[PDB]
Amino acid sequence: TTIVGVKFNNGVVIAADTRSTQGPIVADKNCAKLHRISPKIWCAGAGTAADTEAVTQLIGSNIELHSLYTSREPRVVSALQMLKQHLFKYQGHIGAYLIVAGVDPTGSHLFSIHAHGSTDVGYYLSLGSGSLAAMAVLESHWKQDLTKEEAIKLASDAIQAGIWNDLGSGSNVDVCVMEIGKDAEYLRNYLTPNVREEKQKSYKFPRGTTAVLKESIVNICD
Amino acid sequence: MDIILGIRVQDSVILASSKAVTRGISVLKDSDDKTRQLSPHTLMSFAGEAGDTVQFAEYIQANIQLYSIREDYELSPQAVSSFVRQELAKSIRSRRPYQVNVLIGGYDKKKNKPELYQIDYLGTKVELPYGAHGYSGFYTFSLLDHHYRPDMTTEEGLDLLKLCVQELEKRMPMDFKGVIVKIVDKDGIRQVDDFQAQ
Amino acid sequence: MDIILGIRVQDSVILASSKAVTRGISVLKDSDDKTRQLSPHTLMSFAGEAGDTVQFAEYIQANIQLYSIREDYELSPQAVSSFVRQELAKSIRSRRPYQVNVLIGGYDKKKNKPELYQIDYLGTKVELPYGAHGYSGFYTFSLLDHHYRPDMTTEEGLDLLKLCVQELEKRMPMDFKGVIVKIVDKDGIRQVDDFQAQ
Amino acid sequence: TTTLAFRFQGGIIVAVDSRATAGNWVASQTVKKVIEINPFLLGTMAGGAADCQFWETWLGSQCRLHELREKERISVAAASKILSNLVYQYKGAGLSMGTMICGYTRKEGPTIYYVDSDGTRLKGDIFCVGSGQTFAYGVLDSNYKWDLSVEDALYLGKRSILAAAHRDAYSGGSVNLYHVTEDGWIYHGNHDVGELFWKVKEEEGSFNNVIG
Amino acid sequence: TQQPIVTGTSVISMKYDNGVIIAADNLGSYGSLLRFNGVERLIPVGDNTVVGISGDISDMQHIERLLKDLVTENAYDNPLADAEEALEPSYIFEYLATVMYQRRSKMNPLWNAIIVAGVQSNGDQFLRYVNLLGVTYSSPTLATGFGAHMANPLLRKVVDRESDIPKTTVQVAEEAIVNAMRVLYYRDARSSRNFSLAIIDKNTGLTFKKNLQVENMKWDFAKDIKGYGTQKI
Amino acid sequence: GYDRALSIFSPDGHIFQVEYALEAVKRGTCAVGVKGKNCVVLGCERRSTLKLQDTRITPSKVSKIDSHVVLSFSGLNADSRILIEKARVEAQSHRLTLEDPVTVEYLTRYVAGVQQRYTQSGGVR
Amino acid sequence: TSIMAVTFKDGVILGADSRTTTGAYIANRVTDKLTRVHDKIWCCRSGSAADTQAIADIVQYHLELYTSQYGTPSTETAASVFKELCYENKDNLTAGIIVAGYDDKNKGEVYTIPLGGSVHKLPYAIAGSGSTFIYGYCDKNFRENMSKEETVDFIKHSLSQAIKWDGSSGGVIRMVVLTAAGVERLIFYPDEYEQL
Amino acid sequence: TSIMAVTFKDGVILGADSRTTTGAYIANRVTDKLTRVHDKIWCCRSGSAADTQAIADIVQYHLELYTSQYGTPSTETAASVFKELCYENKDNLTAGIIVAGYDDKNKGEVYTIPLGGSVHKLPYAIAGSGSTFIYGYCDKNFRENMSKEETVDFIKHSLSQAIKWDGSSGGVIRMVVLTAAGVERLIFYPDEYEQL
Amino acid sequence: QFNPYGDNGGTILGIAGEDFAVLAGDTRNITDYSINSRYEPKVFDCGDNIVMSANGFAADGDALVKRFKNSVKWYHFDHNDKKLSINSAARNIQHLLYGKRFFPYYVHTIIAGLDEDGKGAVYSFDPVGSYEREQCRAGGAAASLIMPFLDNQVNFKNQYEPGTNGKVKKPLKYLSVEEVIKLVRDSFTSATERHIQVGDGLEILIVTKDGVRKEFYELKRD
Amino acid sequence: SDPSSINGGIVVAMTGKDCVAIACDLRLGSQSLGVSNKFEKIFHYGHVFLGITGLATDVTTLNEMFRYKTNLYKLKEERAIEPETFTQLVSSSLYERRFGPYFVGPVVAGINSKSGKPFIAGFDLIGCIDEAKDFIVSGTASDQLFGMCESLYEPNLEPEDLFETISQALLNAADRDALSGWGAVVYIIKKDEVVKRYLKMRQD
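Chains as they are written, first to last, in the UniProt record's numbering: chain A, 30 to 251; chain B, 1 to 198; chain C, 1 to 198; chain D, 76 to 287; chain E, 34 to 266; chain F, 3 to 127; chain G, 20 to 215; chain H, 20 to 215; chain I, 20 to 241; chain J, 2 to 205.
Only chain A is shown next, with the shape it has when bound in the complex:
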């Protein structure tokens, strides 16, 4: 997995690859690693997939309930505090590593959280097995005061570094832009540089090829 976060002059963007894997086998060639905590707080996660997904929804759920209770927009620091205290409580057993970003009444934010519960703040971050390939790119092109477009490029380029150079990463690039004044825009499959070439042959079998022993109708209606 390769997930990144890049702050720009008026917001923040997060991106991620789309390869899911069990050991060396690719289970999902196009999963979505970008999760929504609240409409404008998005999260990307690496590590135990079920954990990043469960922790994201749990905190997301409480963030919604909190927002309704306080009649205010969710704040990134709240998702951060709730996530970390939860992960900390479980001493690292909830293998969730996340890069959480978003905009709220106080501005734009970019944070990272580790399974044990420590948090970081910065202008550009990357996590996952592609972490290094991506960070190499970010360390070579990041600059202060990037435009929304420059940020998308930088982020998109980082995820690519991962897709190509990291075996734990591949397929497509999903992006999500969060600009201080507008709605957050999720760009599912913003890039798709790995389309399978047309197969050399068709393996459609002649009907009757398979030997059947018994046949019957199944009752679905009650």
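Everything labelled a hint here was simulated from the structure, so no lab data went into it. Hints are not guaranteed to be accurate.
Said to hold, decoys possible - In silico BS3-like pairs for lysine-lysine, Cα to Cα no more than 25 angstroms straight-line:
#, chain 1, residue 1, chain 2, residue 2
1, D, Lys166, D, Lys198
2, I, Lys186, A, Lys243
3, C, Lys177, B, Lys29
4, D, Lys182, D, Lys156
5, B, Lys110, J, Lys39
6, A, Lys230, J, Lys134
7, D, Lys276, J, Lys192
8, A, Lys233, I, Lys189
9, I, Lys186, A, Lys233
10, E, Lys251, G, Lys140
11, D, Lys274, I, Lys201
12, B, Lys29, B, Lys186
13, F, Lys39, F, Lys53
14, I, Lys233, I, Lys201
15, E, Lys242, A, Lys172
16, A, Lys243, J, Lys192
17, I, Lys138, I, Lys186
18, J, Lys18, J, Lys39
19, D, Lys166, D, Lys182
20, I, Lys233, A, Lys230
21, I, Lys88, I, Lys138
Using the hints, position chains B, C, D, E, F, G, H, I and J against chain A.
Chains B, C, D, E, F, G, H, I and J in isolation, oriented as in the chain A frame:
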């Protein structure tokens, strides 16, 4: 382990269970009945860990008898087996699981058909024409896979077991001191006191 | 382990040895002769580790036969036993020791007296009225401690073994598939082909 | 793996399966587990593929040298002991093999020897070796008679391996048959379990459980 | 079997149109202690080959001695030692690879990752890697340790496949390598700012640059970062 | 350490040491063997250079290699022992591995090989 | 990590490097190890980031509720809370914390809570992997009552050395000045401290 | 243990503490860690006493036979012998040796052979458990070409600090001065260096 | 503690035609989650019309190939330049492998060529020398994904004559070099999709009575 | 040792044109010993189908559980649960046992009764959802199934064709796995009808 075999013929279920109880270097008893009657038409054989074995059997026996008196009715073999599977399935994830394997043979008076259920200590249940627990299965499954027929009479079934028991007495390393055979059919449960030479 | 018994009566030494050869889950053979004749009046029974067992027996056999031909004479039972002890005592401190236990029964033509030697794989030798290796000793030493007499005839000796073998077939966990009995006396070594029911 | 060999009136029957595995992975369904040491000596193979193939092929080379040296066909006993003694030299090193040396000499007649990597060497009339041995024993033991027909014996053997291929997850593929008479071994075909099972089921009425 | 004590980090390299470039910082680490700073880890052999070594420094010094001997020995009864019969980069590599595999095969490895860079006599660029396991491979770009994770992605953006070599100039190449060295300085905790770089060009020969330093580093944005989440001052 | 070539060819193609070895046999007491239709008999003569021996203990001329094979000889007595011992050991080794006593031709082929080997090995006569 | 706190004439200063690693990889090169638990009570964190962050967050909470009820807390009290958490939970924590605050009655104070959970009040304190290398240097150059400028210099030099030898330390040098005047953030980049 | 070698204008000086421990017990408080392998080639031993002693004894032997045949050996050659033994037998040795000699052509030279068996030529070198504490101090106070008196002072201070912080070091501070003038033994007691 | 082995990924495939045979393999070589090379040949022409690949631990595979080639060389020197038949090479390889029975060449090796009747032949080996001649065989990382495919598409397993009620098995008509190359390419594009250690490039060596020919095809680089 | 390798078994699901297919083998063994060749691993609640590979006792327990939950769902919701919804119910139910999971590999297949759209999904033992449009695989011969599916599969196959493809994938993958096979059943599902067929395969 101990020998726990079961075979469902035409109108009945036959259960053969070894008579030995060995602890370490000594064979403490040679007339052990590794079975408990759960209801007039349901019999259960068991083998496994020293204490868990009987404690479990008697526990299940008690519950079925309680059900029988409360409802003045006899749960079908399928129902009793489902209850036992769930009990073992709870057990496997508890502090100290019951390490017991069982065969449940019962005659379903409502369907008028014999039934044989095999359930291991993990709560793995499967209904079979014939079953076995432990090392026995290794020499009796192919035997029965060969000499078994659905329409066999109770008598052909007993001959079949005898054949199993002989294979077990030839190739098995342990002396399980023979078996105790019991028949479950439309008329209840009876024991074949003459298998020591049938 | 296997059953290796030996009993020295009035004018002979009787050696009883189990016939089973079990590997894991299967009893591969039920007519195994766990003995090697070292010389016309010296017999050796053995039990232990799978390969070491026979390899050792035959190795000792070969050496004794070589001695016999070189000297045109038969080493006394005491001498043959001392040679075997030293062989095992060397073995215990080598790269891979022979894990073999043995009973050496021989008739000493010069003294005109039967002799029984028990030697374990460490090279521990002791001369006895009766001996056993493995778990057997646990049920046969007190038996013999009770029913044994120095003046017993070869016939009383065979009755004594039968008594041992019966105790072993009642309390031992394993099915050793009976024993092969051999008599060593002033006239050599002969086998009692009828012990399966004597 | 499942392999058997048994002595009867018409000589010796030798049957083996042909599956090879590495864990749950079925590496092969077409492996030869019977090496024809020579016109009158067969060797069955069970355990590590390499260990068997290598050492038994080597055994053959040793038998050939015996014949050039003694101007006489090696005895089943002497041939089996070569392997046994070799395997014993390596005791403890990790060789893994359960083998059967089957042959026919004028001097010994039909003869079978069990030889494993533990160093155990046994002469007998019936032997089943391999992860599926118990399954074979169950079928073979309950239908064996010294007086079977070369036709029936062949079948029991074939049927015994079938039984094992069915119940043992580590046995399968096809059955390779052999008949041993003083004029040497006679190959009796390679029967794919894939078709043999159904045929036997129908014609015999057994395997009554499985649905067809 | 052993364990490394004093060590050297990454060795990055790539090949351009006329030759190959290889670099390595001058640090000799001892666990987390940045103990030595005057450690040259680029071993020049003759004038057409440069050997970059990472891993156990004591083993590196040994490999160094081996190389000096290979040179001395090749000169024996060799009137063409400085011409047709001079040490080729491929010879030097096959030698070292032979040694590496023999040692791992005797269960007593030379705890290193080595990259042999150079130009063959027929002008061909030579770049191959060998480590303590005896494993070997070639690629338009090669890096060891940390450089494999961070340098390769950057360098492969300049030369992704073979066809990109002729299109790459010494300047573009040397620039990519120098930027990589900076990146590694940012994220590799066992790296040094000072490093050596060497170019082996089929025309200009062997250029060995010493005492370089990572420059143009961005650190200013650090001032704007306070706390680890909710802190504002 | 000592490996001088003692048995070597001479100009006419003879190995003098082997030839002189035969002269040692010519000097030894006579020995004979005739095979019947169901037996083989071995006769040997007894010297008389000195008579006052103890025939009970004095080593006999006919030796048993195994229970079904015998070996008589003519020549150096001390030398015969070496061959007899090796023959006896090989006899047992053969029973141990082939599980069958040696054939007379086999046991013979073996003794002969030991003798042959001593004609082209260094340091030995 | 390399962190330290130094008391001086006008109050106290806290300094730290900015490198956090996970193995040999630099997970963050601009970390801010100077954490505020109260207006004029800060701390330096070493050990498990997850643990020290959780610790600090709890402490900040306690001093905030304390202030609500009893006014501004003494630096001694802040150090007591850290201690209570570190000592009582010593089996599950890997935290080495330097506490430094500025009071008006007590001027500057420095307390160090090492691994066990013990508390030690000192003129100045150094800690973190890189600290081992500057024990000699700091012992030889520390003087009580130095001037702000002198103190900033002492910390700047000491840490530059720690960063020089310890690979677990590096990046920028951050400082926090605590005096009656208020709170001042200071930073120093490699190009400056590397050449001292 | 805390030992060091420093090259200076007139040659080189070797210094060391005198404490050898087996656990927390001081087996010897007056140990002489300054070992002579040749007239003007000495070394400082750290690690296994048994190993370093055996090493040195072998080296002394080699330099003695070398001298018999080829005259006085260069300090570089002595360091090569130590290396040969330490590298080739790295699996069975726990030795950290500082080699320092005075030649007429090369003046003073210092070589350090750490655990692996690698060799490093340096202006000066520090080693031993106590050395970690004086890395910062020594880096900040070492100057090339110091005078004998300045060098003795540098070593005296550096070690006094090492001894101050490392419990595995202590006792007296021993020194050996190697110059064209000859060889001079120096000693300094606690009462003096403890108050520096 | 030192581990003498490593896993360099990759997958190889060998199919035998009626008068030809192929040995294919991706050109990617990896270590953990990094790519060492996108092009590092792994299938070799060893002379006497024999191609071989020893997949698994590269250093081991290389030493084996190297040893076998040197074997062929000496075979000529010692048997009047006689050609080494494929069956003979197979036996020779068995000894090479088994010679290291107690410190194995951690590789799954396959060789391809033509037998003495001109028929296509494929031989595959156990890490310690076990071997069998076959019609086709996949080896290496994706072996478990490809073999099932080859059982179905090369030996028509589980395939029957439509309408024969699974009573008649699909006839064993034999594949042409063109049909075979399609199966190979499809096998690798499929493998490349689901296995993170397969990709970059595919190189196939074709053996006919005229010698050894090579074809190369790109593969997804993610 | 490995709960997921004790009993053996596989399950695979594929989408087709206005149809879906879910198939499984019939084996249930204890290590090498084959025990039952009637152990089906596909179940259904309403029009939603669920296949489960892994530890047999958990396969059974989970089935009894989802029947229990889907029954109450119908009584309250007054409508049969949909594929999408059920997938979520399966996921949360698994994650609820995060630190003491059921050792299973579930697979959901069905047609949304309201949108007619075909649906399939897979899960790891702690509930992580894998939502593929083409095919989901599970079991001891999953590597094989991945290889077979990736090669044999192609979009919008018709019911009669998807049947051939799925059966060929299951069958050939099962035949390279010692713990799978011993019978097999395939389910062809369409908005209105569902056909169930038992395949003929090797019994070794």
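Verification of the hints:
| no. | hint | result |
| --- | --- | --- |
| 1 | D:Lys166 to D:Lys198 | 20 angstroms, holds |
| 2 | I:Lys186 to A:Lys243 | 14 angstroms, holds |
| 3 | C:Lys177 to B:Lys29 | 20 angstroms, holds |
| 4 | D:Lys182 to D:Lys156 | 16 angstroms, holds |
| 5 | B:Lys110 to J:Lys39 | 24 angstroms, holds |
| 6 | A:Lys230 to J:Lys134 | 21 angstroms, holds |
| 7 | D:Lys276 to J:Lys192 | 38 angstroms, violated |
| 8 | A:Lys233 to I:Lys189 | 15 angstroms, holds |
| 9 | I:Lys186 to A:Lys233 | 21 angstroms, holds |
| 10 | E:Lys251 to G:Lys140 | 38 angstroms, violated |
| 11 | D:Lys274 to I:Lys201 | 36 angstroms, violated |
| 12 | B:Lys29 to B:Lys186 | 32 angstroms, violated |
| 13 | F:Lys39 to F:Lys53 | 37 angstroms, violated |
| 14 | I:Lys233 to I:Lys201 | 15 angstroms, holds |
| 15 | E:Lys242 to A:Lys172 | 30 angstroms, violated |
| 16 | A:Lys243 to J:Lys192 | 22 angstroms, holds |
| 17 | I:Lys138 to I:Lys186 | 30 angstroms, violated |
| 18 | J:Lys18 to J:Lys39 | 30 angstroms, violated |
| 19 | D:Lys166 to D:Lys182 | 31 angstroms, violated |
| 20 | I:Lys233 to A:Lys230 | 21 angstroms, holds |
| 21 | I:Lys88 to I:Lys138 | 23 angstroms, holds |
Checked against the numbered hints given earlier, the structure breaks hints 7, 10, 11, 12, 13, 15, 17, 18 and 19 and satisfies all the rest.
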